[PDB]
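Take a look at the letters that make up each chain.
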Amino acid sequence: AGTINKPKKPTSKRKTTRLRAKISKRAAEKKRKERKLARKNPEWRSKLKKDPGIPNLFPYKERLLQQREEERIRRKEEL
Amino acid sequence: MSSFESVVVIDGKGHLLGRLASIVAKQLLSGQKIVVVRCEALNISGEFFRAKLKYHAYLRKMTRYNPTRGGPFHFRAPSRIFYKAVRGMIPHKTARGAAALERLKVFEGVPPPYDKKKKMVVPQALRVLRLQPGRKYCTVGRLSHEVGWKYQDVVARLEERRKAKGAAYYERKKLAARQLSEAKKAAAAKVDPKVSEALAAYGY
Amino acid sequence: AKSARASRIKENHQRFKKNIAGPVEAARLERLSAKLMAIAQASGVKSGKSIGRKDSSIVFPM
Amino acid sequence: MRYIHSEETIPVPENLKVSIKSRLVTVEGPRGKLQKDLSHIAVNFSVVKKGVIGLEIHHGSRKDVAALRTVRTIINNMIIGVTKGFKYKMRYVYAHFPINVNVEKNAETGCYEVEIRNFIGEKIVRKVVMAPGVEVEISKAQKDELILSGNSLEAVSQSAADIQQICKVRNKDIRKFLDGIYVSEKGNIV
Amino acid sequence: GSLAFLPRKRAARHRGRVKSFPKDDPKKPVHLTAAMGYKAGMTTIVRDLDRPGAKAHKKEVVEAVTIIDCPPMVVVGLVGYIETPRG
Amino acid sequence: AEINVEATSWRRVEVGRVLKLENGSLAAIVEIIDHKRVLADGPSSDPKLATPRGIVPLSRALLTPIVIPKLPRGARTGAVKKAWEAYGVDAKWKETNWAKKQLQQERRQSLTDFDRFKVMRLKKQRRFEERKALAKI
Amino acid sequence: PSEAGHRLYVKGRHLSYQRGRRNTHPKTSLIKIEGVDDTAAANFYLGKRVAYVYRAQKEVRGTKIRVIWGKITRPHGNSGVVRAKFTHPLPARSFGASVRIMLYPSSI
Amino acid sequence: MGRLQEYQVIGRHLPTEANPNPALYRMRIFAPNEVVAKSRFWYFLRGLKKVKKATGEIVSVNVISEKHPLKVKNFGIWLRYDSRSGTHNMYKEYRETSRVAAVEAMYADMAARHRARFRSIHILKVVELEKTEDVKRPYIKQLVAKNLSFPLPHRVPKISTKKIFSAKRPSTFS
RNA sequence: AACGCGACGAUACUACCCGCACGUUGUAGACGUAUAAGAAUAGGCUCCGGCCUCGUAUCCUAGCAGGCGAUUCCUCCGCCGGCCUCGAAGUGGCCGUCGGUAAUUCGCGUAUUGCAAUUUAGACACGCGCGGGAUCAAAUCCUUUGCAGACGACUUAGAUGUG
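From first to last, the protein sequence lines stand for chains A, B, C, D, E, F, G and H. Offset between the first sequence (1-based) and this note's numbering: plus 340. Position 85 of the second sequence, counting from 1, maps to 83 under this note's numbering, and the rest follow consecutively. Position 58 of the third sequence, counting from 1, maps to 46 under this note's numbering, and the rest follow consecutively. Offset between the fourth sequence (1-based) and this note's numbering: plus 333. Position 53 of the fifth sequence, counting from 1, maps to 43 under this note's numbering, and the rest follow consecutively. Offset between the sixth sequence (1-based) and this note's numbering: plus 70. Offset between the seventh sequence (1-based) and this note's numbering: plus 1291. Offset between the eighth sequence (1-based) and this note's numbering: plus 11.
Hints are supplied without guarantee of correctness; some may be wrong.
[Unchecked claim] Simulated restraints on C-beta separations: (1) B/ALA165 <-> G/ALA1342: 44 to 52 Å; (2) H/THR183 <-> B/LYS134: 14 to 22 Å; (3) D/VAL398 <-> B/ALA174: 46 to 54 Å; (4) G/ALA1342 <-> B/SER28: 15 to 23 Å; (5) H/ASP120 <-> A/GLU417: 36 to 44 Å; (6) D/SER379 <-> A/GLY342: 41 to 49 Å; (7) F/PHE187 <-> G/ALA1342: 26 to 34 Å; (8) E/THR74 <-> F/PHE187: 46 to 54 Å.
I should point out that these hints are in silico values taken from the structure, not numbers from a laboratory. For every residue, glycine included, the Cβ atom is placed at its ideal position computed from N, Cα and C.
Assemble the whole structure, with the sequences as input and the hints as a guide.
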């Protein structure tokens, strides 16, 4: 396209007050609608979440995991 | 070092347009006389097609009924481009701004009045000190020539002549400096042992 | 039709200018220059060879 | 990721001399002299052994090191051009109108002019001027073929592309009209 | 009309100025460019046309021509110009 | 094969190089932390040249042409000091031109007002001798 | 042949007033002293005298030179510009103008 | 963020007749000051266990400082940050002199690279890599490369910002 | 460009140029208003030894606001001439004369402006005075013309000639 040689009309970034008020109002309205939909919530919710765990690139994954295991063993035998 | 001079001449080669204009405008409003040379050697950051696009948009902006009066006068010379930046940074619609703009002077190339004068540099606007090495830049002279500046070749020829004369002057400077070095050692003995060590102790 | 500012038309005009009109105008220029040339031939300071000074401003008045 | 050091190396033949300025590279050898400016790329030129030159980038990016692979091959191409040279063999074919190729060299500007006549019966002459340092000949080893040789690979290739582009068919069937001048073989003189 | 010649205005001078001389190179022989004359009128001629490819080739065509009286000009001066960044 | 290259000659940062800090001090690099910070130590007996062991940025740092030949990486204060007096860093820093300029600057700054007249007068005498010498040539 | 200068003041430039973004206060002026770059350099000249010297049309008591006296009060910002208080506010046409900064009263 | 130090906090549920001598929970955190340290400790304890600020007390808060702030160490930080998609894990490596410096650099780098903020970043485990072969990231590998020496090309000189005009064009070589 | 510029002709008066007596004359603002290489910045400079972050450098800087006189000095500065040089909005060098001139040292004066009060001191521009050289003009109105024209404006012509 010949944009460099024959530029077209610029698009103003100067925000009008009418636009700022409208966008703020509609942002607030969307937030309230999201809150009401979350109140509705026709979806299940669980207690425990999927913990991704220690990354495979951790230098001490083996040590941490065996620490955890001996902790479980100790807790089980003590309790 | 915050020094006041009568008139300071700024060599425009390798200087960023906006930053040099900022420094120059602040100096003009503080009361310092500025003479900017080599406005065609000035630089603009970004790339040349971006600069040319901006100038073509500037050309697009024009008054309808009467282009003669009230319209944006699109000056194509690099000195006028730099002057446009400085004027946009100075409150030109006041008496104070008019006085500052009267303190400002700009030229293309280095006229013979200013070729024998000292040209200062602004490290706060230098391209090689400011831009990252991998970044692109364009030349105000090239932009002016591609928008319609008619006198690129004349200024180039005059700069060639000035550089030849400067080379002759620099050969003379070599002769003078060599003679000065020989003169210093020659009277290094004929002087006074005390004075010599006295200067060494006092830092000269 | 091709415009008067077409690149190919300009190349054709350049070829024509270089091949025919060039020689013709050079010959006529030689003849007229010869005629006008024939019609024409029909101390430094006190001699003028040393070019010296005869008889707003660019610099700020000090 | 700002690699601390990246290095490249270019070997040189015994019978060549490389003189490299700030970023001007000049190479001399049996075939001639080639010079090129590489001031647009950040590189430190160095010597590591008797007959190998070194190119390095400190604190650079992948774009920077990619420039170092291009800078090497360009310098290597110049070395090969000054050692063995470059040569493009091109062939012109036709169906009904023989393509007449006239190659001459003008004393002024010292360049080679190639004139193409009778390209599918056109009455227009097509004149192409070579880049300086390029020799063009109609060799009597095969018919309907031309050899364009020189020191600079860029110049030789650009000239060959110039003839190929100037002999282009317009407003016809590509599948039917098979006339033009095409690059057939690419290589070195030696 | 044409926006090239508009705003339409009286000529600032009666003589009329050249505004552009042909570009000069040292190779050509030394010559003058322009001249002056006074328009006397117009008359009619005929020309044994020798224009190839035309319908009036090798025929006689009546054309209108203008006459400008051109008494010899007298040279009284010599002006030297220089090139500057301002023109 | 003939090669002629004149591109650059930088000063590198490695273990054992001494560098100058804007306090005017000197510190040798013990460990290189990142590409723009190093760990340095100045064990110099001169109080003006002494620098506590710690992290210094290369932006504040300035590279001097003195390198301790085989200073081990990670050398603690006592050993870097042993290398400092073994190599005589103070003498070579004094011989370097940067310290000479610093000393000239210090003398000129500490030079008082009577001393400023004395310098003016003595430079006038030396100037007279120098002009006599220059007139002959 | 003394061929030497006779200056005993430090050059300064009246820049503007102490002002906000809109409101300007002519009471105190901003002075840029020649050679001052930081607040310590300013702290040296706190308390020193300052004079604005200008030329008038009429000679009143033997001269056309009229002077407005004041003193440096406190540093301004971080660039060594100082605030100054004069017996009368400066003419406001002397923005970017010269003032003479005198070393008295002295403490060194 | 800011200037940080190690803060190790022990706090416990307020003693009652039902459960005297409670568990005395402890954890080490990074805060600019002790008030923020205690607030973060209570927030984390509320998130983990069913103990709140009102029903608890702070047994001890002490500043853990570095054992050896003078020797260069490599640190591996495992952290969890929540963005618009959810919670994500990262292991990142930093070459510093202290765990405090490592955490400072980690906050700065996470803000720069992912726009993650203080309450969006969780510090799960910061460790000191006891030796090489424990470094997994190429930048710290090239930092620990043998006989590491490099120049500093294009060094912009440090000129005073009040030195508006210079007489000579500056050099960027030393 | 009617508030952009250049070249040239003639410039009566007025006073056009030259020297100082200056001005109770003006100036967005003297007070050492001192300082010409070019070019690169992942390089450069050089006397070819070497040097380069750093103009916090170089020059100049003493004398009743800078007096008078000496020993000693051939160094610096300015005005006029001669030979050349500088045209991008025009200058500098060489020689010469003439005047001034602490690199060293000394003598005779400074007082009283009274404990500070801009140390009225520079440049360009403008104006009044003398005494030296010189110059001795145009335009508009009026009449006329018609290559012009709403009115102005414009092209022409009126001094002894091709009027």
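For each hint given before, does the structure comply? Return the numbers of the non-compliant ones in rising order. Of the numbered hints given earlier, the structure breaks none, since each of them holds.
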